[PDB]
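Form deposited without the partner chain, single chain, as structure tokens, below.
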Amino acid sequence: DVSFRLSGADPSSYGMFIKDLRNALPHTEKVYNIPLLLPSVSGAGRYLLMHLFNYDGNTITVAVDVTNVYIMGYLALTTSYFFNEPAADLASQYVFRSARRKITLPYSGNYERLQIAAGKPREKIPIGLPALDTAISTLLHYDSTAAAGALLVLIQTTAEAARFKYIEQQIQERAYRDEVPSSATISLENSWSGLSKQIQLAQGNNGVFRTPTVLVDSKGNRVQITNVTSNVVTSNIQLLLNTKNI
């Protein structure tokens, strides 16, 4: 398991959490020095439990699929909650079985579906450590509309930060003040699967992407990523989605 406590949290402690999260994901291979997530894992070992505590010390446990860093569901007190999707229903066979009741959320874990449930796109939802505190608090008691926004915050401040050093740094900058994600942040989230695939295809193509990936940079300028010498590959991305899952 991995844990993170919002009480006393600072950029350093958050960074240790994201480091713990990355280190909890198994891999047998690195591709261009980036850990390659496994094609699959059988049984309960597929799921990592993240223990998150809000500033008041209240907690939720979030189940994460270690092959793709997808959040499946979470436990709040004696109630478990899962996305309305086959992969999450499968997870519910392994985690939080001792919950007194299980609620299936009225949406899948998809960014488009969550944004629809929340009533707003990611572009408009502030993220940061305070936002994460709020998200944990929101999830403690069922409210599906509020939860959709909370989950948009949670996915970005945990999974996405684990996947991209730039996102981790963006959250550290928001340790004491929330701010909506940069367009670069949204671009990277949207491109993780694409990037993971192209980095793997580069292996037998002399480091060259079979298909360029279009990204928005820090200055808000759209760039083409064509090979593994790009900063996005050498510094930023931290985990690769296995092509067997793409």
Contents of the next structure:
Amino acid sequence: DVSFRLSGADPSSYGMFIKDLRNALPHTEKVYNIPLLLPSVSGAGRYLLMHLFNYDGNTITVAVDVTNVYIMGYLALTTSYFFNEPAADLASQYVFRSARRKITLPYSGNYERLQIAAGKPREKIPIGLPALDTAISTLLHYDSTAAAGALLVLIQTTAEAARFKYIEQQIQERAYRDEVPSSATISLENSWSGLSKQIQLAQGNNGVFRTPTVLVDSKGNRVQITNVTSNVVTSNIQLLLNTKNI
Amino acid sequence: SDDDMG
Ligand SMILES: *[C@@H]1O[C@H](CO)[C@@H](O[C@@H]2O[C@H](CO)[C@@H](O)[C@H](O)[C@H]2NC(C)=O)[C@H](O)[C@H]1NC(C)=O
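Same protein, the form deposited with the partner chain bound this time rather than the form deposited without the partner chain?
In what comes next, the whole complex appears, and the chain from above leads the way.
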């Protein structure tokens, strides 16, 4: 398992947690020096448990699919909560077996459904370590509407920061003050699947992408990534979604 | 690759 405590959290201990989370994810090989996640894992080995502690020392345990870093559900006291999706229901027969009751959330775990449930696009939800502390607190008392918003913060500050160094650094900048995500952060989250696939099929093609990826950079300037030589590939992306799962 | 805020 991996653990992160918000009491006394600084940019450095957050960094150690994101590092722990990355090499908790199994891989057999690397493509251009970036860990390639497995096509599949059978049984209870498919899931990683993250224990998160808010400032007051309350806790939730979050289950993460190691093949794609998707959050499946979480345990808050004696209640487990799982997204309304086939993947999360498969997950429920392996993790949080000892929960007194299991609730299925009224949405799936994808950004689009989470945003509808929240009443806000993630452009307008501040993120940071303070937000994460809030998110943990919101999740131990069921409320489906607040939970959607708390899950949008949790996903971005854990899973997305693991996938990209840039996003990890964004969250480190927001250690003591929340701020909405930059445009770059959002386009990165949105392009993970696309970038993963183009990096993988660039490898018999001299590092050249079959189809260019369109991103937005820091200054909000539109950019075209065409090959593995770009900074995004050499100095940003930390995990690749296997093309089998794309 | 880039950084701060937004
Ligand atoms: C890999 O990506 C880089 C960065 O986008 C490409 O850089 C361009 O290279 C061409 C020809 O060498 C120049 O005409 C452009 O001005 C360069 N663009 C920039 C922004 O500097 C590079 O060409 C790509 N590599 C390959 C093999 O296509």
